[PDB]
Structures are given as structure tokens and as C-alpha cells.
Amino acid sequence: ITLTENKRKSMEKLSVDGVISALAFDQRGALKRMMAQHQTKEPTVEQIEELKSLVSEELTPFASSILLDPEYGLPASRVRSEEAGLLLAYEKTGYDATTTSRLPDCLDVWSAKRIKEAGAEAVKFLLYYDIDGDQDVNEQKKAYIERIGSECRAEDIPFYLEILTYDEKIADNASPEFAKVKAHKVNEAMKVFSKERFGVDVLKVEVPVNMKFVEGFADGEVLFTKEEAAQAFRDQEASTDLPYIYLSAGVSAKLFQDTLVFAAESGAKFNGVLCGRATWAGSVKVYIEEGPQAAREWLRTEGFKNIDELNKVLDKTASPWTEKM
């Protein structure tokens, strides 16, 4: 609620007129798998670092900040636009699929202090959370986030907590079965991690509905009327007093934009986005198949078009965090 002077200065460096128009590219495992769909060989470290730098160079002139990973993204962080702020990811990528606990784990040789020393204006951490899951697992997860929030307090650096929801007993979070419980998963997790003890400054969250099953957006089965969907957005806005920003979860650029419009019309007062794949996903194929110059031209044309159309939508949908602090 009350930002320290340094935390506020950092929030300002990440945003424009209270809106976070951030580019997300801390993907590692998720990126590797995209690359592996066009590549016979294993993608190299140089390839991963290069595409990250290409996205940074070409697109951060159009974002208020960029989120990168320390593993492959530090060269990319240094060629970002002068006007763009920096977030660094702090969690190890992915989860163990042989169990349902998805426990969080910080990068082995990092700390919040180190992230700040590396030039970041925010620490980002991704937590998988099932509000209905095993209570002891969740106890361990809450303790873990308490520690990170305390680090960020001490180092006086904003804590961006990303929450990705799941159900221990539903395999596919794109299924109709998950869509029926998504709003509950998202909104109740936001309520938990908005407690003061967790030290969060900004929540990076999913929209509380799977729009593919909403009337007017759906191409197949319809699970929700527009009014029911709108209510999920209002319930989400009522689930936190913190700034919150949306992730794209890799839907099309157009569906993500249309979702932002719907969210605003419904009453969500979201404060921006940390948007990755919806913007740059198409560059992966070009980069692998046609190389870096071809990917650079893609970024300068299609990439720009995506981020520019996104920015125009944000301009008319997002609300400033400087009305919540």
C-alpha cells in the first residue's frame, strides 16, 4: 500500500503514467520447446541469447519495461532502450510433472540483492498455486513467498509475484473442466497473496476466465454468458487492493487485445500487462528457420504491429497504479 521512496522510483521506471506496458521474455523451457518445433538439433545458448537480444533491441522502444531471465537474458538487458525499465526473473523454470506439488525454487546463485546489483528495478517470481490443493504444500509455498517478499523489502526493490493457477487433479488447464473452476483458482489465490505478510508490490495474473468458452468469443462450446464472464472480472478486481497486470498465456494477439477491452468494460481496473508470447511468438519460427536478420525484420514489422496494437488497446483499457499505490 505505501511504497518506499526507492520502490516508487523503481515502479516509475517500469511504467508510464501509472501503466505497466511490459514486454515479457524470461521464457526458458517454454522457449526451448517452441524452438524445438522448427529445429532438429538442440537449440544452443547463443541462439537463445541472440533471439532474446533481438526482441530487446527491436521492441523495448515500445514498452515501458522488459522482463528477462538471468540465465540467458543479461546481454539482452544491456541493449534495451534507454527509456525502458528492467525486471529479472528469480524462479527456476517449469515444474516437476511426476508430482502435483509444483514447489517453487529460486535460481541457485541468485538473491534479490544480486538481482538489484544486476540492474533490475524489480524482482519477478512465478508461483504455481492451487488454492484447493494440499494444505501442507501450500503452507510451504506461502513460507517461500514470505521469504522473497522480505528480501525485496530489505533490498528495497519491487516484488512482482506471478501466479499461475492449476488443479492437482485436472491435467489440462485449457480443458472445459478447468475453465469451470478457473475464476475460483485465480481470484482466491490473489486474495491470499495480497496479504501484507507476502510483501508483493504487483501481481502478474491470468484473466479469471478462459475466453475461448465465453459467448461471443467462443468458436465451439459456450460455457459462460458475457455477464458471467464480466462478473468474474469484477470478482477479480474485488480480490485485491494491489496493482495487478495480466499475462497473455500465449493466446493470439487479437484475442488478448479483445480480452483487455472486455476486462475494462466489465469493471476490471487492471494496471497493465506483462505480455510475452502474444507479442513475439511468431519470431521464434523465423529465427530458427530463416535466421536472425529475418527475425529482426519480422520484429520490425509483425512484432511492432503486435506491440503497437497492444499499446493502443492498453491506452484505452488500463488504469493507473498511481490511483492505488
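Positions refer to the first chain, counted from 1. The term rigid core refers to the most C-alpha atoms you can superpose between the two forms while keeping them within 1.5 Å. What changes on going to the form deposited in another entry:
- Once both forms are fitted on their rigid core, the CA atom of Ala281 lies 2 Å or more apart between these two forms.
- Taking the rigid core as fixed, one finds a CA shift for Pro43 of 2 Å or more between these two forms.
- Annotation: Cα of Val261 displaced by less than 2 Å between these two forms, core superposition.
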Contents of the next structure:
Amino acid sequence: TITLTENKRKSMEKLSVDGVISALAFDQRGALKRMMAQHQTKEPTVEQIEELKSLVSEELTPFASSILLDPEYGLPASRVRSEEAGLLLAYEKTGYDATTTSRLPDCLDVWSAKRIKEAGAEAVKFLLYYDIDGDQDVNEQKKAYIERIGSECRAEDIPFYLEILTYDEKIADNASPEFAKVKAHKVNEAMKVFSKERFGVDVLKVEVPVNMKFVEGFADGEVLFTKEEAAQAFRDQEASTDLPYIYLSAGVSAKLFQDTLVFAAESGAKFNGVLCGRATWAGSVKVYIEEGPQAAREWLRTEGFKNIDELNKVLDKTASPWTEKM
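I've shown you the form deposited in one PDB entry. Could you give me the structure of the form deposited in another entry?
One chain, no partners, no other molecules: that is all that follows.
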């Protein structure tokens, strides 16, 4: 897969530093209330969620290549980001119907790729839940949906970042040993599908192809995999796309994520960055409520910075430039 228009390339560059994506993300649009819900008794507010987002944006984007935000609540935050940091806006509705197994994708009702571009984004991000082994008609609908979005992004000449989260229709918990044994299959086969030209993806945002918590040396409990087997999953992942791809952090600590990046590189993965945030800013939330907005600012300038700086130093030794895939 080898194409970038002049504008898509300029946008990718705005999202990167020396071909590496070190992008700052937020978690959901409801998750933040709960981290706040620890105290007071209020749910406060639309006014305040937009604020902490603006504090995290303003203080930490100077050290990130870009920031990913939600349009429904993140636009104020997007306007206070560093001038040297690019912007991705999410296009999907969050969550899924737990009562069914289909997890069908659905774009935000009053958004379009055109509107995302008009709001100043350098990329459209869309999250798809995909079970390669799932219902074939469900997956046809999902493929059709991504084709439309890839087409929109082609027309608006804006990079398409497709996030894939894998699951199994018949496995309740994706942290389970049961899901771990098939994760490589789910992750890598999904990448093969959505690497096809017809879906118009510019960058894949994906899980590491193994639950490192069950790998020898990284596991606290039961061991399902040797380091050699885990490494093979990373090489298989590298072989599953020619597109740039970046890793999301899921279910692991900042330290284990960083150890995973080192292990990915060692194994032969040519990942081109990461898109994580929660670990980087999560601590600012309590401080925000125990000492106020100015103190959260202080947290971000010191602890927040230390977090993202640590990560960047790791990225500097492990990530590969996406320019090498062009």
C-alpha cells in the first residue's frame, strides 16, 4: 500500500516528529467523570470536563507529536494545543451494545469527514470492533461502513486513522487466558483485512498481538507463552500490513507498555509510534480536585511531563519512522 497525496503527507508530518507518531489521547467521554466521581457528589460538569481536557492539552501537547480528541466535548481543548502539535478528531460513537455481540460501528450523528476537516483536524480517527471469526453478514456490514469512511477521507484529502479493537463473540472477557490464546489471530487477521486498498486506511491503530501478562518474564501469574512465541506474534503482525501502524495501550501499566515497546522492537516489529494518554495524565485528575486547576497545572508540568518524557525516550529507541514505509 503505497500512496500519499501532497496534503495527506503534509498532515501526516504535522502528526509526527521525524516520522514517529507520539500522540496524546483521551479516554472515552464518560470515563473521565468516574475518575472525578471519586469525590464531591456532583457530576461536574460539561464546564469542567472541557477544562481538565484543556489543561492536559495545553500543558502536555508541547511534548507530544499530536493529540487525539472527541469532537463532542474536545473542541475547546483542541484550540489550546501547542502550535507544533497536530490534531486528530474521533468520528465514532463510543461504546457498544453489551446485550448483543455485533458491536456495529456508528458515526457521530452531526459529523462528517468534511466537518472534521473544517474543525481543524489533520486526521479522521475511527474505532471499529472486529471479530474476524464472527458473523459473516455482520462483518460485511462493518466492511461496507469502513469503505464509506475511507472514501470520505479520500475526498476530503485527510488521513484516515483506523483503530481496531478485537474481540470474540463468544468470549466475555478479553483479559482472560481464553482470549489470550487467540489474540494474535484476531489482531493480525483484522490488519490483513483492513490493509486492503479498498478501505482507504492511512494508519492502523492496533493492539499488540499478544497479552504480555501471560508471557514468560512479563507474567505475574500463569504463563501461556515463551518469549520466542510472543516474538513470533510480533513478526507475524509486522507481516500483516505494509501500512504505517501505531500501538494503543490496553490493560497494562506505563512500565509494562514501555517494556512491550522494547520487546516489540527486539522481535522485529516496525511500529511507527503510539497513541496513548491515560497513564500520562491520569494522576492530574485527583490533584485537580484536591488542590484546584492551578495545582493540576503544576502536576502536569512536573509529573505529567516526566511521564510523557519517559515514554518518548523509549519511543526514541524502539519506534521506526513511517517514512520508511513510503
